[PDB]
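What follows is a single chain, given as structure tokens, in the form deposited in one PDB entry.
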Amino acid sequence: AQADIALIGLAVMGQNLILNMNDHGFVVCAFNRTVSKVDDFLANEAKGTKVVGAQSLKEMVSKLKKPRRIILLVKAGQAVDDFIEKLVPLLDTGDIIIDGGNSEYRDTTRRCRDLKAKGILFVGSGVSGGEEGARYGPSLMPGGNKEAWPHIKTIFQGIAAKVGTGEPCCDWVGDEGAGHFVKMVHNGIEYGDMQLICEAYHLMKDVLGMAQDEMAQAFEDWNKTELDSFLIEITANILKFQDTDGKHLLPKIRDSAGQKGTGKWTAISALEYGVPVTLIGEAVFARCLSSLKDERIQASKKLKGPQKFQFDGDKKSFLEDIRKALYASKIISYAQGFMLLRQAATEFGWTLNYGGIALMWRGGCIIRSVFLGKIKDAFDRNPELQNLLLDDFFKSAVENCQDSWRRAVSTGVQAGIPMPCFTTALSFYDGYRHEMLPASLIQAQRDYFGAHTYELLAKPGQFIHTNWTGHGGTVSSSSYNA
């Protein structure tokens, strides 16, 4: 019983998080399905550390101080269940397993309940920050069996990104799958932000005809203002980056985006619970569309765009327009994200601290933005805040960007530039701010062909069927949603 904690999984996240814990003075026992990788790790990256290895689960468990604490950082899915099944017979009541991978929240909820019945404390925790964050200070979103929290708080908050006054970007999120749900939403917002950034870049490149380094500079400048954020920052660096041959690397890269599930899950959750998280939807679909690379090559030969477009305006003015469009859309991204969190708390009874979640994102986090503090403030003033757009800071920002936003989109449309996210964000804003929508026509159509019934504005809750054609029956469908 010499090791403070064990970690399973020796890819980018596992190796780096191990070294982080080591640097903070914790003895860590490393393990991996492919056992050869343990030795390779101890002989290289962990060469001069306190890290110890195991050749088997049995051995790994035996090295742990009680209550034993084991972290899993492996590919999400069956692998996590595989390890749990093997560990349970080796563990004692009160022992703790922490899944730090990108697992679906429903899986986490299930595992949490199963293991609790067996006396084992299960934590499902989101980890943000990628390689760098794992190595030096990640954002941690722990949820599950809170009985575990007291036994992991010290390590977790110990290694977590610290901000300003030294406050850790890691606090208990809530019960069962709450941690992984929050992490899911984190990735939804991330997907959205990345896609919007791509659309800005596409406008800079193809409407304004800017050079790679010129665009790098634009992002670098944007990073000093309201758009101050991790993603804007690295985009600037990416645009600057030169390959060993002196040419820029980005233009050499294949334009087919991968995805590993979290974005998709966010969109699916939104659909299942009826939350209009439109940006994430378009972001995921945009990745799918880019995957059709071969099709797009084919299509580019037959489908023509706007034939006669030339940008005849002030490039500098339009660049600023792009900036403001990006800012407003970024705001919608986050607002939708928080709508989804609020909906989850309602669906599952999780007591989520929205302001707190915002604070956890200030460091070691992919969606770190200068305005996360503003989000916290918003929920402080009004914990029941129904939407970020209703808070003054965000309402004002969007109001100030609105003109530029519409200008950028209209121009984009005229130029033939794909802006799935810019447009969906604006459509959402325009939809959400409208007291009357044409959805009443949808109701009329449904009642007309399917007898689904509808309600009058003047008396909501009472459903009616109308004999639209004058030749229909009286027997209608029932009024229900599904």
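Positions refer to the first chain, counted from 1. What we label the rigid core is the largest C-alpha set whose atoms superpose within 1.5 Å from one form to the other. What changes on going to the form deposited in another entry:
- Here the two forms are overlaid on the core, and between the two forms the C-alpha of 75 is the only one among 75, 224, 252, 316 to shift by 2 Å or more.
- With the core held fixed, the Cα of residue 456 is displaced between the two forms by less than 2 Å.
- Comparing the forms between the two forms, the C-alpha position of residue 434 differs by less than 2 angstroms, with the core used for superposition.
- In this overlay on the rigid core, residue 32 has a C-alpha that sits 2 Å or more away from its partner position between the two forms.
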Contents of the next structure:
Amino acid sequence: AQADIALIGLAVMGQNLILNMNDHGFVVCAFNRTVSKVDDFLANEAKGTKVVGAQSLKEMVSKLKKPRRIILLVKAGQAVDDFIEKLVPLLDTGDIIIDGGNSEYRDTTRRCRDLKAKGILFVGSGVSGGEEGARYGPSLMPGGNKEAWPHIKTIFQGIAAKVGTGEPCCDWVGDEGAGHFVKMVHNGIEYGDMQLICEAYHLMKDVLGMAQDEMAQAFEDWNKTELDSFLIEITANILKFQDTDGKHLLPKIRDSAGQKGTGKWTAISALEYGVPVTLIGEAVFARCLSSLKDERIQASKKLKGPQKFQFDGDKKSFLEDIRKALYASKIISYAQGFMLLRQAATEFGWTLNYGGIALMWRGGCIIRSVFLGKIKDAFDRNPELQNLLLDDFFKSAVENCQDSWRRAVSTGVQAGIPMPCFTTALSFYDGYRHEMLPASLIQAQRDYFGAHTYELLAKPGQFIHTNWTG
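Moving from the form deposited in one PDB entry, what structure would you give for the form deposited in another entry?
Excluded here are partners and other molecules; the one chain stands alone.
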């Protein structure tokens, strides 16, 4: 037994994780369902490394120092269950199987319980960062059986992305594949930040009438305040990018985004669990509206916008209201995301590391930002915060931004500028802060025509029915 860990699945993702562990001094045993990729991978990108290979599962298991640690990077679905069924008879009680693919969390939970009964430690881990991330420092979100954490903590944290304060972007998420659920919520939050930036870029282009490189300079200055993020860095670089001829390239790009993007499952999980994750759903619906390019071309010729509009104020003042509205809406988005994480932890009985979860998103992911570090700090003070809109940093940040927040929303509404995420974040904030909501009228209606009963504000849990008619 001379190899520390093994990895099944010799794809660009699996290869980079193996080379990453090799660059940190770990002997990795490579393997693939088609053994032909083993000797192929060992004589190219692994030529001259400590990486060893195996042509059978029994050989691979026999070359690992106990407790044996297997990383699965195969396609999510039946392929993962096939390798598990083929590994269980070969493993001893206490061995570790790690699924690093984009597996559905309900499957990871099922595999975690079934393998715990057989004495095998199963871990479902989320890996974000693409190929370049998996090569030098990916974001790892492990979860499942904490008994396997003391063994994989050394290798995972070593190869994980470094955040800047020395800590690794890899900690224990929770039990029964909570990391794959965290990986899902991570995908939905990505849709919000990107769409939120697009709404801000829309305001600068149609209300302030700015030029491309002038908008890129605004984002570069916006990337020096509270909005430090990789999505804003690339946004400024995209706006300033000049094609073959001096003209810019972005106005030449088609106006259609993805339609079957993975971010919708975050909003579907919100509807399944009854959590008001409104901003993520608007970002998903916004991309689907973009795919209707031909309908929007014909609609622009027939449907008209707001008449007699003119911007009276200050171009340089409105450029600071858009920023604070973009920052306040982003706070509402992450507040809803942790509400979905909280409800899932309650439904299954998980104990999530909300502070560490924000750290794992802060390095290697696309949504990485120092703003995520402030979420980590907020979850370092109470680790019981039922809502990010209930802590000092976020509560104060809205109090300064909300005045310019409503100014950007009101101006964009009268200007005819689509801001679905700006408005739904402001609508959710006003709704969440109201002790009394008009939903009592909804209950009165459902009881009126459907006799769906209702409760009294002072006597909960007791459902009564009113005649209403006679």
